[PDB]
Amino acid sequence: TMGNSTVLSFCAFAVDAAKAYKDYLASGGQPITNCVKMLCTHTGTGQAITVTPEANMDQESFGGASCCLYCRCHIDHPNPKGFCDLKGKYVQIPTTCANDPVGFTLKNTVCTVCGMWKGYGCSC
(Lines of atoms letter the chains of each structure in order from A and count residues from 1; the text may use other names and numbers.)
(Lines give C-alpha, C1' and ligand atoms only; values in the text may rest on other atoms or scores of the structure.)
(Ligands and ions follow the chains in the order given, each with its own letter.)
Protein backbone atom coordinates (compact mmCIF):
# COMPACT_ATOMS: atom_id res chain seq x y z
CA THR A 1 0.00 0.00 0.00
CA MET A 2 1.17 3.61 -0.71
CA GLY A 3 -0.05 4.74 2.77
CA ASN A 4 -2.28 7.71 3.78
CA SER A 5 0.57 10.33 4.11
CA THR A 6 2.12 9.34 0.70
CA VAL A 7 -1.32 9.54 -1.09
CA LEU A 8 -2.45 12.77 0.67
CA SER A 9 0.94 14.50 0.04
CA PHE A 10 0.75 13.49 -3.69
CA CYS A 11 -2.81 14.97 -3.98
CA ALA A 12 -2.11 18.06 -1.75
CA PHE A 13 0.78 19.37 -3.96
CA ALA A 14 -1.02 18.43 -7.23
CA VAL A 15 -2.38 21.47 -9.15
CA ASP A 16 -5.77 19.57 -9.02
CA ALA A 17 -6.01 17.47 -5.79
CA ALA A 18 -9.51 16.07 -6.68
CA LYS A 19 -8.27 14.79 -10.07
CA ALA A 20 -5.06 13.38 -8.47
CA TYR A 21 -7.13 11.26 -5.97
CA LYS A 22 -9.75 10.17 -8.59
CA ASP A 23 -6.93 9.12 -11.03
CA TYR A 24 -5.12 7.32 -8.14
CA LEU A 25 -8.36 5.38 -7.31
CA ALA A 26 -8.97 4.59 -11.04
CA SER A 27 -5.35 3.21 -11.12
CA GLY A 28 -6.27 0.65 -8.37
CA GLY A 29 -4.79 2.68 -5.47
CA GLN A 30 -5.88 1.78 -1.88
CA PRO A 31 -8.45 4.32 -0.60
CA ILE A 32 -7.48 6.75 2.18
CA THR A 33 -8.14 5.05 5.58
CA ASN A 34 -8.54 6.18 9.23
CA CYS A 35 -11.87 7.99 8.56
CA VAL A 36 -13.54 8.33 12.03
CA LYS A 37 -16.38 5.72 12.13
CA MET A 38 -19.21 6.68 14.57
CA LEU A 39 -21.16 4.37 16.96
CA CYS A 40 -24.86 4.62 15.82
CA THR A 41 -28.14 2.59 15.76
CA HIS A 42 -28.58 2.66 11.91
CA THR A 43 -32.16 4.00 12.51
CA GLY A 44 -31.40 7.67 11.54
CA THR A 45 -32.96 9.91 8.80
CA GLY A 46 -30.35 8.74 6.20
CA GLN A 47 -29.65 12.41 5.25
CA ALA A 48 -26.17 12.98 3.77
CA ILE A 49 -24.57 15.58 6.16
CA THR A 50 -26.09 16.06 9.67
CA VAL A 51 -25.37 17.67 13.14
CA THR A 52 -25.40 14.13 14.70
CA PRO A 53 -24.94 10.63 13.15
CA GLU A 54 -28.03 9.79 11.00
CA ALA A 55 -27.03 6.50 9.23
CA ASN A 56 -30.02 4.37 8.08
CA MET A 57 -29.69 0.54 7.66
CA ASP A 58 -27.95 1.10 4.23
CA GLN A 59 -25.31 3.63 5.54
CA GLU A 60 -22.32 4.11 7.88
CA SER A 61 -21.83 7.43 9.80
CA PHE A 62 -18.34 9.11 9.95
CA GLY A 63 -16.78 12.29 11.33
CA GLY A 64 -17.14 14.79 8.43
CA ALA A 65 -13.61 16.34 8.35
CA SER A 66 -11.98 12.81 8.32
CA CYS A 67 -13.93 12.10 5.04
CA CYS A 68 -12.97 15.40 3.27
CA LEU A 69 -10.01 15.30 0.81
CA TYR A 70 -9.34 19.07 1.41
CA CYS A 71 -9.37 18.75 5.26
CA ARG A 72 -7.19 15.55 5.15
CA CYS A 73 -4.76 17.29 2.69
CA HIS A 74 -4.83 20.53 4.87
CA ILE A 75 -5.44 22.63 1.67
CA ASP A 76 -8.03 25.29 0.67
CA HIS A 77 -11.57 24.07 -0.21
CA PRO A 78 -12.40 24.77 -3.90
CA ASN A 79 -15.19 27.44 -3.61
CA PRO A 80 -15.16 31.27 -3.24
CA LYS A 81 -15.62 31.26 0.60
CA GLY A 82 -13.24 28.25 1.14
CA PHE A 83 -16.11 26.82 3.29
CA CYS A 84 -16.18 23.03 4.09
CA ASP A 85 -19.63 21.28 3.93
CA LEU A 86 -18.27 18.36 6.11
CA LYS A 87 -16.11 19.93 8.92
CA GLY A 88 -17.86 19.77 12.35
CA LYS A 89 -20.67 17.55 10.91
CA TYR A 90 -21.32 13.79 10.46
CA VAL A 91 -21.51 12.23 7.00
CA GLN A 92 -23.65 9.22 6.02
CA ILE A 93 -21.92 6.97 3.40
CA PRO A 94 -23.80 4.12 1.61
CA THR A 95 -22.40 0.82 3.08
CA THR A 96 -21.40 -0.26 -0.50
CA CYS A 97 -19.03 2.84 -0.68
CA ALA A 98 -17.90 2.99 2.99
CA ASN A 99 -14.46 1.45 2.13
CA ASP A 100 -13.69 4.94 0.57
CA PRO A 101 -15.61 7.78 2.31
CA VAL A 102 -13.14 10.49 1.01
CA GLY A 103 -13.66 9.35 -2.63
CA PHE A 104 -17.44 9.10 -2.02
CA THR A 105 -17.82 12.69 -0.70
CA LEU A 106 -15.39 14.00 -3.39
CA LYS A 107 -17.40 12.41 -6.26
CA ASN A 108 -21.00 12.92 -5.03
CA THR A 109 -23.53 15.76 -4.50
CA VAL A 110 -26.28 16.24 -1.84
CA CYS A 111 -29.85 16.74 -3.29
CA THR A 112 -31.05 20.26 -2.16
CA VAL A 113 -34.66 18.83 -2.04
CA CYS A 114 -34.48 15.69 0.22
CA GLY A 115 -30.90 16.33 1.56
CA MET A 116 -29.76 12.78 0.57
CA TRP A 117 -26.87 11.81 -1.81
CA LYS A 118 -27.89 12.09 -5.52
CA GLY A 119 -27.88 8.59 -7.14
CA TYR A 120 -27.97 6.81 -3.73
CA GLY A 121 -30.37 7.81 -0.89
CA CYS A 122 -32.13 10.50 -3.06
CA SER A 123 -35.55 9.13 -4.25
CA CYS A 124 -36.67 12.42 -5.99
Given for the second form:
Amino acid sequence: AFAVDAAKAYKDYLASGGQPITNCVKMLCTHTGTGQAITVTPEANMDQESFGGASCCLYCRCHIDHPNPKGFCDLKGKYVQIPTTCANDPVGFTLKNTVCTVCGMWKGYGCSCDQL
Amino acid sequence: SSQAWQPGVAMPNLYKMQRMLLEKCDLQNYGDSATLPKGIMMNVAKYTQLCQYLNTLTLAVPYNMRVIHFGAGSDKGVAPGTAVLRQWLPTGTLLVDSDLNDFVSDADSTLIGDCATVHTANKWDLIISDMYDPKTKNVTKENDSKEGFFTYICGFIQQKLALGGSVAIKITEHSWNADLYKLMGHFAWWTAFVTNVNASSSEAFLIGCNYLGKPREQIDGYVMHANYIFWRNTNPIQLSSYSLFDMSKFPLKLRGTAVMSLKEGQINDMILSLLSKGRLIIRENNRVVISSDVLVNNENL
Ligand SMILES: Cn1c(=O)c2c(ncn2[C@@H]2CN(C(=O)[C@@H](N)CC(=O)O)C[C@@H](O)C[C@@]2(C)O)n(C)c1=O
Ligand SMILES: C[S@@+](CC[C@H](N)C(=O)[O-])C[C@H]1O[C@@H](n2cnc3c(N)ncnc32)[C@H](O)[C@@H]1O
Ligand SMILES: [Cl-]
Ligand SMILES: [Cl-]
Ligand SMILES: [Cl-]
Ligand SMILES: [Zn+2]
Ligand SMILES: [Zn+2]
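Take the protein just shown as the form deposited without its partner chain and give its structure as the form deposited with its partner chain bound.
Let us now look at the entire complex, which starts with that chain.
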Protein backbone atom coordinates (compact mmCIF):
# COMPACT_ATOMS: atom_id res chain seq x y z
CA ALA A 1 0.00 0.00 0.00
CA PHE A 2 3.09 2.22 0.10
CA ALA A 3 3.90 4.15 -3.07
CA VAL A 4 6.10 7.24 -2.99
CA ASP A 5 4.15 10.30 -4.16
CA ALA A 6 6.65 12.42 -6.09
CA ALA A 7 4.02 14.78 -7.53
CA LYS A 8 3.00 15.83 -4.02
CA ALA A 9 6.65 16.04 -2.97
CA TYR A 10 7.52 18.50 -5.74
CA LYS A 11 4.38 20.55 -5.08
CA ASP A 12 5.27 20.91 -1.40
CA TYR A 13 8.93 21.58 -2.22
CA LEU A 14 7.74 24.36 -4.54
CA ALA A 15 5.24 25.78 -2.04
CA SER A 16 8.01 25.96 0.59
CA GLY A 17 10.19 28.00 -1.78
CA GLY A 18 12.36 25.43 -3.55
CA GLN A 19 14.06 26.20 -6.83
CA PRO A 20 12.15 24.57 -9.72
CA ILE A 21 13.81 21.81 -11.70
CA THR A 22 16.17 23.37 -14.23
CA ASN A 23 17.77 22.29 -17.52
CA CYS A 24 14.49 21.61 -19.28
CA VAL A 25 15.47 21.53 -22.95
CA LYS A 26 13.98 24.59 -24.67
CA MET A 27 13.72 24.34 -28.45
CA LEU A 28 14.22 26.92 -31.17
CA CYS A 29 11.03 27.35 -33.19
CA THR A 30 9.04 29.93 -35.13
CA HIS A 31 6.50 30.59 -32.34
CA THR A 32 3.79 30.61 -35.02
CA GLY A 33 2.54 27.11 -34.18
CA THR A 34 -0.83 25.73 -33.17
CA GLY A 35 -0.37 26.36 -29.44
CA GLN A 36 -1.50 22.85 -28.49
CA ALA A 37 -0.12 21.45 -25.25
CA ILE A 38 1.78 18.30 -26.31
CA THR A 39 2.80 17.78 -29.93
CA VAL A 40 5.08 15.63 -32.07
CA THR A 41 7.07 18.73 -33.10
CA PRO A 42 7.48 22.16 -31.47
CA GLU A 43 4.20 24.08 -31.77
CA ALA A 44 4.71 27.13 -29.53
CA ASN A 45 2.71 30.21 -30.46
CA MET A 46 3.74 33.77 -29.70
CA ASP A 47 2.94 33.32 -25.98
CA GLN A 48 4.64 29.95 -25.41
CA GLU A 49 8.00 28.23 -25.27
CA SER A 50 8.54 24.72 -26.65
CA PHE A 51 10.49 22.12 -24.67
CA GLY A 52 11.65 18.58 -25.20
CA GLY A 53 9.07 16.45 -23.44
CA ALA A 54 11.25 14.06 -21.45
CA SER A 55 13.16 16.92 -19.83
CA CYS A 56 9.85 18.37 -18.57
CA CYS A 57 8.50 15.12 -17.06
CA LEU A 58 8.88 14.85 -13.29
CA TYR A 59 9.05 11.05 -13.50
CA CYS A 60 11.63 10.96 -16.30
CA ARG A 61 13.77 13.57 -14.56
CA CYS A 62 13.68 11.88 -11.13
CA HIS A 63 14.23 8.31 -12.41
CA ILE A 64 10.97 7.04 -10.92
CA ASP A 65 8.12 4.98 -12.34
CA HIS A 66 5.36 6.71 -14.24
CA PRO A 67 1.90 6.75 -12.60
CA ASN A 68 0.46 5.15 -15.73
CA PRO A 69 -0.11 1.47 -14.83
CA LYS A 70 1.69 0.67 -18.10
CA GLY A 71 4.53 3.02 -17.11
CA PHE A 72 3.98 4.97 -20.34
CA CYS A 73 5.07 8.61 -20.46
CA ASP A 74 2.84 11.34 -21.88
CA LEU A 75 5.78 13.66 -22.64
CA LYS A 76 8.80 11.56 -23.62
CA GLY A 77 9.50 11.70 -27.34
CA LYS A 78 7.20 14.70 -27.87
CA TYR A 79 7.30 18.46 -27.32
CA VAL A 80 5.40 20.35 -24.63
CA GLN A 81 4.32 23.98 -25.04
CA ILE A 82 4.60 26.01 -21.83
CA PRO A 83 3.14 29.51 -21.38
CA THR A 84 6.07 31.91 -21.46
CA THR A 85 5.01 33.31 -18.08
CA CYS A 86 5.39 29.83 -16.55
CA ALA A 87 8.50 28.71 -18.45
CA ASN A 88 10.60 29.10 -15.29
CA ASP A 89 9.15 25.75 -14.11
CA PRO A 90 8.07 23.49 -16.98
CA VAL A 91 8.03 20.37 -14.78
CA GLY A 92 5.78 22.11 -12.25
CA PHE A 93 3.51 23.37 -15.02
CA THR A 94 2.97 20.02 -16.74
CA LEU A 95 2.38 18.42 -13.33
CA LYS A 96 -0.25 20.90 -12.14
CA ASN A 97 -2.18 21.34 -15.42
CA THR A 98 -4.33 19.24 -17.73
CA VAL A 99 -4.76 18.94 -21.50
CA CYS A 100 -8.24 19.23 -22.98
CA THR A 101 -8.85 15.91 -24.73
CA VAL A 102 -11.11 17.69 -27.25
CA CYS A 103 -9.07 20.58 -28.65
CA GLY A 104 -5.63 19.56 -27.34
CA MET A 105 -5.00 22.88 -25.59
CA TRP A 106 -4.08 23.37 -21.95
CA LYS A 107 -7.16 23.75 -19.76
CA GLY A 108 -7.19 27.42 -18.78
CA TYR A 109 -4.26 28.27 -21.07
CA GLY A 110 -5.88 28.16 -24.50
CA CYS A 111 -8.83 25.79 -24.14
CA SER A 112 -12.10 27.55 -25.04
CA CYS A 113 -14.31 24.46 -25.36
CA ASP A 114 -16.18 25.58 -22.22
CA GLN A 115 -16.97 29.10 -23.47
CA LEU A 116 -20.36 30.36 -24.65
CA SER B 1 30.87 38.49 -45.06
CA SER B 2 27.40 36.96 -45.31
CA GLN B 3 28.89 34.06 -43.35
CA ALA B 4 27.31 35.50 -40.19
CA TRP B 5 23.84 34.68 -41.55
CA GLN B 6 24.69 31.08 -42.43
CA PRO B 7 24.37 28.35 -39.78
CA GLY B 8 28.14 27.94 -39.96
CA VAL B 9 31.13 27.60 -42.26
CA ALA B 10 32.29 24.50 -44.15
CA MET B 11 35.93 23.80 -44.95
CA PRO B 12 36.54 25.17 -48.48
CA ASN B 13 37.59 22.65 -51.09
CA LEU B 14 40.97 24.26 -51.80
CA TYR B 15 42.00 23.70 -48.18
CA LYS B 16 41.15 20.00 -48.52
CA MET B 17 43.64 19.81 -51.41
CA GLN B 18 46.70 21.05 -49.48
CA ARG B 19 49.55 19.09 -47.88
CA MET B 20 50.02 21.01 -44.65
CA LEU B 21 51.92 19.94 -41.55
CA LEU B 22 50.05 19.78 -38.27
CA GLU B 23 50.38 22.92 -36.14
CA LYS B 24 48.89 24.11 -32.88
CA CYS B 25 45.41 25.57 -33.31
CA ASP B 26 45.34 29.29 -32.44
CA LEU B 27 41.89 30.83 -32.91
CA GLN B 28 41.65 34.63 -33.01
CA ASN B 29 38.36 34.72 -31.07
CA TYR B 30 39.17 31.97 -28.56
CA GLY B 31 37.17 32.45 -25.37
CA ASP B 32 34.51 34.67 -26.92
CA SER B 33 30.88 33.53 -26.92
CA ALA B 34 27.95 34.21 -29.21
CA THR B 35 24.83 35.82 -27.75
CA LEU B 36 22.32 32.98 -27.63
CA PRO B 37 18.57 33.67 -27.69
CA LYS B 38 17.13 34.08 -24.21
CA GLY B 39 17.30 30.79 -22.34
CA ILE B 40 18.70 28.64 -25.17
CA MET B 41 21.43 26.13 -24.37
CA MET B 42 24.66 26.06 -26.35
CA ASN B 43 23.95 22.47 -27.39
CA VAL B 44 20.46 23.24 -28.71
CA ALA B 45 21.95 26.11 -30.72
CA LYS B 46 24.86 23.95 -31.88
CA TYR B 47 22.70 21.05 -33.06
CA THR B 48 20.20 23.44 -34.65
CA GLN B 49 22.88 24.98 -36.86
CA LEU B 50 24.30 21.53 -37.64
CA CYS B 51 20.87 20.46 -38.89
CA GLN B 52 20.41 23.73 -40.78
CA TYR B 53 23.65 23.00 -42.65
CA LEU B 54 22.65 19.38 -43.24
CA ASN B 55 19.51 20.74 -44.91
CA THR B 56 21.73 22.09 -47.72
CA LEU B 57 23.19 18.67 -48.59
CA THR B 58 21.79 15.71 -50.53
CA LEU B 59 20.75 13.56 -47.59
CA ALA B 60 18.70 10.45 -48.27
CA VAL B 61 15.46 10.68 -46.28
CA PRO B 62 13.54 7.40 -46.70
CA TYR B 63 10.29 6.37 -45.12
CA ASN B 64 10.98 4.70 -41.77
CA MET B 65 14.35 6.45 -41.56
CA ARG B 66 16.83 5.13 -38.99
CA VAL B 67 19.12 7.50 -37.07
CA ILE B 68 21.54 6.69 -34.24
CA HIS B 69 23.09 9.36 -32.02
CA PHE B 70 26.24 8.63 -30.01
CA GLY B 71 27.44 10.81 -27.16
CA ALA B 72 23.92 12.13 -26.58
CA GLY B 73 24.01 12.75 -22.82
CA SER B 74 24.91 16.07 -21.22
CA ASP B 75 26.34 16.65 -17.77
CA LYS B 76 22.83 17.96 -16.99
CA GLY B 77 21.32 14.47 -17.35
CA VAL B 78 19.26 15.36 -20.43
CA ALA B 79 19.77 15.10 -24.21
CA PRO B 80 19.57 18.52 -25.89
CA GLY B 81 21.06 17.28 -29.17
CA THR B 82 18.63 14.38 -29.39
CA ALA B 83 15.74 16.80 -28.89
CA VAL B 84 16.88 18.90 -31.86
CA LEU B 85 17.45 15.83 -34.05
CA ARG B 86 13.94 14.56 -33.32
CA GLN B 87 12.54 18.02 -34.10
CA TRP B 88 14.57 18.10 -37.32
CA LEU B 89 13.90 14.55 -38.50
CA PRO B 90 10.49 13.64 -39.98
CA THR B 91 7.89 12.52 -37.47
CA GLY B 92 8.11 8.76 -37.03
CA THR B 93 11.85 8.53 -37.69
CA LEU B 94 13.44 5.84 -35.55
CA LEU B 95 15.93 7.63 -33.28
CA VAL B 96 18.33 5.74 -31.00
CA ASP B 97 20.85 7.54 -28.80
CA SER B 98 23.61 6.44 -26.46
CA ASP B 99 26.10 7.74 -23.93
CA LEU B 100 28.46 6.49 -21.25
CA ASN B 101 26.43 7.84 -18.31
CA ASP B 102 22.71 7.77 -17.59
CA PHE B 103 20.49 10.49 -19.03
CA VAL B 104 16.81 11.02 -19.87
CA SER B 105 16.06 11.36 -23.57
CA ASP B 106 13.33 11.80 -26.15
CA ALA B 107 14.89 9.10 -28.35
CA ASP B 108 12.79 6.04 -29.11
CA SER B 109 15.47 3.95 -27.37
CA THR B 110 18.50 4.83 -25.25
CA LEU B 111 21.55 2.66 -24.52
CA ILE B 112 23.81 3.51 -21.57
CA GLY B 113 27.44 2.40 -21.55
CA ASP B 114 30.63 2.64 -23.58
CA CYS B 115 29.85 2.83 -27.29
CA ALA B 116 31.87 -0.36 -27.82
CA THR B 117 29.09 -2.22 -25.98
CA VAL B 118 26.47 -1.08 -28.51
CA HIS B 119 25.38 -3.58 -31.15
CA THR B 120 22.60 -3.41 -33.73
CA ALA B 121 21.22 -5.99 -36.15
CA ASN B 122 20.21 -3.38 -38.72
CA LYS B 123 21.89 -0.66 -40.76
CA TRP B 124 21.33 3.07 -40.39
CA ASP B 125 20.60 6.02 -42.65
CA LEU B 126 22.28 8.68 -40.49
CA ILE B 127 24.89 8.51 -37.72
CA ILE B 128 25.46 11.48 -35.40
CA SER B 129 28.29 11.50 -32.86
CA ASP B 130 29.06 14.19 -30.30
CA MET B 131 31.36 11.84 -28.36
CA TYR B 132 34.25 13.74 -26.81
CA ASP B 133 36.65 13.40 -23.88
CA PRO B 134 37.74 16.88 -22.70
CA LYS B 135 40.94 15.39 -21.24
CA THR B 136 42.28 15.43 -24.81
CA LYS B 137 42.73 19.22 -24.48
CA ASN B 138 46.29 18.73 -23.14
CA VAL B 139 48.46 21.26 -24.98
CA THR B 140 51.69 20.00 -23.37
CA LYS B 141 51.70 16.63 -25.19
CA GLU B 142 52.03 15.79 -28.87
CA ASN B 143 48.79 15.65 -30.87
CA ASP B 144 48.52 12.22 -32.49
CA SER B 145 45.59 10.44 -34.09
CA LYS B 146 43.28 9.18 -31.34
CA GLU B 147 41.65 5.76 -31.11
CA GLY B 148 39.14 4.87 -28.38
CA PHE B 149 35.62 5.64 -29.55
CA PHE B 150 36.93 6.71 -32.97
CA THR B 151 37.96 3.12 -33.70
CA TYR B 152 34.42 2.00 -32.87
CA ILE B 153 32.88 4.75 -35.02
CA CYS B 154 35.01 3.84 -38.05
CA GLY B 155 34.01 0.19 -37.80
CA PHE B 156 30.37 1.01 -37.10
CA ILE B 157 30.25 3.11 -40.28
CA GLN B 158 31.79 0.42 -42.49
CA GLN B 159 29.58 -2.30 -40.99
CA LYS B 160 26.25 -0.63 -40.16
CA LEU B 161 25.93 2.49 -42.36
CA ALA B 162 23.55 1.92 -45.26
CA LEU B 163 24.87 2.85 -48.68
CA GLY B 164 23.62 6.35 -49.40
CA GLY B 165 23.58 7.19 -45.69
CA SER B 166 25.41 10.08 -44.07
CA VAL B 167 27.39 10.81 -40.91
CA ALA B 168 28.30 13.83 -38.78
CA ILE B 169 31.10 13.14 -36.28
CA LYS B 170 32.34 15.75 -33.82
CA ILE B 171 36.08 16.42 -33.82
CA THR B 172 38.37 19.00 -32.25
CA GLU B 173 42.04 19.93 -32.59
CA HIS B 174 43.01 17.02 -30.33
CA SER B 175 39.91 14.78 -30.63
CA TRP B 176 40.36 13.37 -34.13
CA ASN B 177 41.28 10.16 -35.95
CA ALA B 178 43.16 9.65 -39.21
CA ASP B 179 41.12 6.64 -40.35
CA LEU B 180 37.90 8.65 -40.00
CA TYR B 181 39.27 11.34 -42.32
CA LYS B 182 40.27 8.53 -44.69
CA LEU B 183 36.74 7.13 -44.40
CA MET B 184 35.37 10.49 -45.59
CA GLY B 185 36.79 9.53 -48.98
CA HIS B 186 34.29 6.65 -49.08
CA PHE B 187 31.39 9.13 -49.41
CA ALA B 188 30.26 11.00 -52.50
CA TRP B 189 31.13 14.24 -50.69
CA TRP B 190 32.55 15.35 -47.36
CA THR B 191 33.51 18.43 -45.36
CA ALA B 192 34.35 19.73 -41.90
CA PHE B 193 31.58 22.05 -40.70
CA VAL B 194 31.99 24.66 -37.95
CA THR B 195 28.86 26.05 -36.31
CA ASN B 196 28.70 29.83 -36.04
CA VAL B 197 27.63 29.66 -32.38
CA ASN B 198 30.79 27.70 -31.47
CA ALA B 199 33.15 29.30 -33.99
CA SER B 200 35.61 30.20 -31.21
CA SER B 201 36.29 26.47 -30.71
CA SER B 202 38.45 24.13 -32.77
CA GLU B 203 35.38 21.86 -32.81
CA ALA B 204 34.02 20.78 -36.18
CA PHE B 205 31.59 18.14 -37.41
CA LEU B 206 33.16 15.82 -39.97
CA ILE B 207 30.30 15.21 -42.39
CA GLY B 208 30.24 12.37 -44.90
CA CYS B 209 27.44 12.77 -47.45
CA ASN B 210 26.00 9.67 -49.16
CA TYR B 211 28.03 6.58 -48.29
CA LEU B 212 29.42 4.50 -51.17
CA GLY B 213 31.12 1.67 -49.27
CA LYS B 214 34.34 1.98 -51.29
CA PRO B 215 37.10 4.60 -51.64
CA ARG B 216 36.03 7.24 -54.12
CA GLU B 217 39.19 9.24 -53.35
CA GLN B 218 42.27 8.42 -51.28
CA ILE B 219 42.65 10.68 -48.23
CA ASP B 220 45.62 10.78 -45.87
CA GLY B 221 43.97 11.49 -42.54
CA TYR B 222 47.03 12.96 -40.84
CA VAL B 223 47.48 15.46 -43.67
CA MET B 224 43.76 16.27 -43.84
CA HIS B 225 43.52 17.10 -40.14
CA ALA B 226 46.55 19.35 -40.60
CA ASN B 227 44.72 20.87 -43.57
CA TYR B 228 41.71 21.43 -41.31
CA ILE B 229 43.73 23.11 -38.55
CA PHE B 230 45.45 25.28 -41.16
CA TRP B 231 42.06 26.43 -42.44
CA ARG B 232 40.88 27.15 -38.89
CA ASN B 233 44.16 28.90 -38.04
CA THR B 234 44.04 31.30 -41.01
CA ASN B 235 40.27 31.89 -41.32
CA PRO B 236 38.69 33.51 -38.26
CA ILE B 237 34.97 32.77 -38.11
CA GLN B 238 32.72 35.45 -36.65
CA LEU B 239 30.60 34.07 -33.81
CA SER B 240 26.97 34.39 -34.82
CA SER B 241 23.55 33.23 -33.63
CA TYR B 242 21.67 34.87 -36.51
CA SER B 243 20.42 31.68 -38.15
CA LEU B 244 18.77 30.49 -34.92
CA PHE B 245 16.01 33.10 -35.35
CA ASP B 246 14.70 31.75 -38.70
CA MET B 247 13.28 28.25 -38.20
CA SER B 248 10.60 28.38 -40.91
CA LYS B 249 12.53 26.01 -43.21
CA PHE B 250 14.12 23.89 -40.46
CA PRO B 251 12.30 20.54 -40.80
CA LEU B 252 14.15 17.95 -42.84
CA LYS B 253 12.25 17.22 -46.03
CA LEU B 254 10.71 13.76 -46.21
CA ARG B 255 12.11 12.95 -49.64
CA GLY B 256 10.66 9.43 -49.51
CA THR B 257 14.02 8.18 -50.77
CA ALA B 258 13.80 4.64 -52.13
CA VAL B 259 15.20 1.73 -50.12
CA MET B 260 16.42 -1.43 -51.86
CA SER B 261 18.18 -4.57 -50.71
CA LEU B 262 21.14 -5.20 -53.01
CA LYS B 263 24.19 -7.44 -53.16
CA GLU B 264 27.75 -6.33 -53.84
CA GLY B 265 27.56 -7.71 -57.38
CA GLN B 266 24.54 -5.57 -58.27
CA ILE B 267 26.12 -2.24 -57.27
CA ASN B 268 26.88 -0.80 -60.71
CA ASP B 269 27.56 2.79 -61.79
CA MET B 270 23.86 3.52 -62.28
CA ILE B 271 23.36 2.57 -58.63
CA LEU B 272 26.51 4.36 -57.46
CA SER B 273 25.28 7.41 -59.39
CA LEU B 274 21.91 7.32 -57.61
CA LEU B 275 23.61 6.81 -54.25
CA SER B 276 25.88 9.80 -54.92
CA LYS B 277 22.85 12.05 -55.53
CA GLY B 278 21.00 11.21 -52.32
CA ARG B 279 18.37 9.31 -54.32
CA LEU B 280 18.90 5.76 -53.01
CA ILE B 281 19.43 3.87 -49.75
CA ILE B 282 20.64 0.26 -49.81
CA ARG B 283 19.89 -1.89 -46.75
CA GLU B 284 17.28 -4.32 -45.53
CA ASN B 285 14.08 -2.76 -44.18
CA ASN B 286 13.54 -5.31 -41.40
CA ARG B 287 12.80 -4.46 -37.77
CA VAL B 288 15.29 -2.39 -35.78
CA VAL B 289 16.85 -4.37 -32.92
CA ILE B 290 19.65 -3.08 -30.68
CA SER B 291 21.42 -4.24 -27.54
CA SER B 292 24.06 -3.24 -24.99
CA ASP B 293 26.68 -5.73 -23.86
CA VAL B 294 26.72 -6.06 -20.07
CA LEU B 295 29.74 -7.34 -18.15
CA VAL B 296 28.74 -9.62 -15.26
CA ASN B 297 30.73 -9.71 -12.01
CA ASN B 298 30.14 -11.05 -8.49
CA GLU B 299 32.25 -9.01 -6.07
CA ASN B 300 31.30 -10.89 -2.88
CA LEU B 301 34.16 -12.28 -0.80
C1 LIG C 1 43.40 25.38 -25.48
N2 LIG C 1 43.24 26.27 -26.59
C3 LIG C 1 43.88 27.56 -26.53
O4 LIG C 1 44.52 27.86 -25.56
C5 LIG C 1 43.75 28.52 -27.65
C6 LIG C 1 43.03 28.18 -28.76
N7 LIG C 1 43.08 29.24 -29.61
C8 LIG C 1 43.82 30.19 -29.06
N9 LIG C 1 44.25 29.78 -27.87
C10 LIG C 1 45.12 30.61 -26.92
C11 LIG C 1 44.45 31.97 -26.83
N12 LIG C 1 45.05 32.85 -25.80
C13 LIG C 1 44.27 33.32 -24.65
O14 LIG C 1 44.85 34.05 -23.80
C15 LIG C 1 42.80 32.95 -24.45
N16 LIG C 1 42.43 33.15 -23.06
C17 LIG C 1 41.86 33.78 -25.32
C18 LIG C 1 42.57 34.58 -26.45
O19 LIG C 1 43.25 35.62 -26.17
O20 LIG C 1 42.47 34.20 -27.65
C21 LIG C 1 46.47 33.23 -25.92
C22 LIG C 1 47.07 33.23 -27.32
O23 LIG C 1 48.47 33.54 -27.17
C24 LIG C 1 47.01 31.94 -28.14
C25 LIG C 1 46.59 30.64 -27.38
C26 LIG C 1 46.89 29.46 -28.27
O27 LIG C 1 47.40 30.51 -26.24
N28 LIG C 1 42.34 26.86 -28.87
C29 LIG C 1 41.58 26.57 -30.06
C30 LIG C 1 42.42 25.84 -27.77
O31 LIG C 1 41.88 24.77 -27.84
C1 LIG D 1 29.72 16.86 -24.02
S2 LIG D 1 29.14 15.27 -24.24
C3 LIG D 1 27.79 15.22 -25.39
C4 LIG D 1 26.83 16.41 -25.23
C5 LIG D 1 25.49 16.03 -25.81
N6 LIG D 1 25.63 15.68 -27.19
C7 LIG D 1 24.47 17.18 -25.68
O8 LIG D 1 23.76 17.52 -26.67
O9 LIG D 1 24.33 17.78 -24.58
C10 LIG D 1 30.39 14.30 -24.83
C11 LIG D 1 30.02 12.86 -24.55
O12 LIG D 1 30.79 12.02 -25.16
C13 LIG D 1 30.53 10.81 -24.29
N14 LIG D 1 31.27 9.73 -24.56
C15 LIG D 1 32.50 10.19 -24.75
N16 LIG D 1 33.29 9.14 -25.03
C17 LIG D 1 32.54 8.03 -25.02
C18 LIG D 1 32.83 6.68 -25.24
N19 LIG D 1 34.03 5.88 -25.57
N20 LIG D 1 31.87 5.78 -25.16
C21 LIG D 1 30.60 6.16 -24.87
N22 LIG D 1 30.31 7.47 -24.65
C23 LIG D 1 31.29 8.39 -24.73
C24 LIG D 1 30.81 11.45 -22.86
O25 LIG D 1 30.23 10.57 -21.79
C26 LIG D 1 30.20 12.53 -22.92
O27 LIG D 1 28.88 12.38 -22.25
CL1 LIG E 1 16.11 16.61 -10.75
CL1 LIG F 1 44.94 14.22 -48.55
CL1 LIG G 1 25.51 -4.08 -49.80
ZN1 LIG H 1 8.23 10.74 -18.37
ZN1 LIG I 1 -10.67 22.30 -25.22
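Shifts are known only where both forms have a C-alpha. We call the rigid core whatever largest set of C-alpha positions still superposes within 1.5 Å between the two forms. Numbering follows the first chain given and starts at 1.
*Asks:* Taking the rigid core as the frame, what runs of at least 3 residues have C-alpha moves of 2 Å or more between these two forms?
*Replies:* Run found: 12-14, no others.
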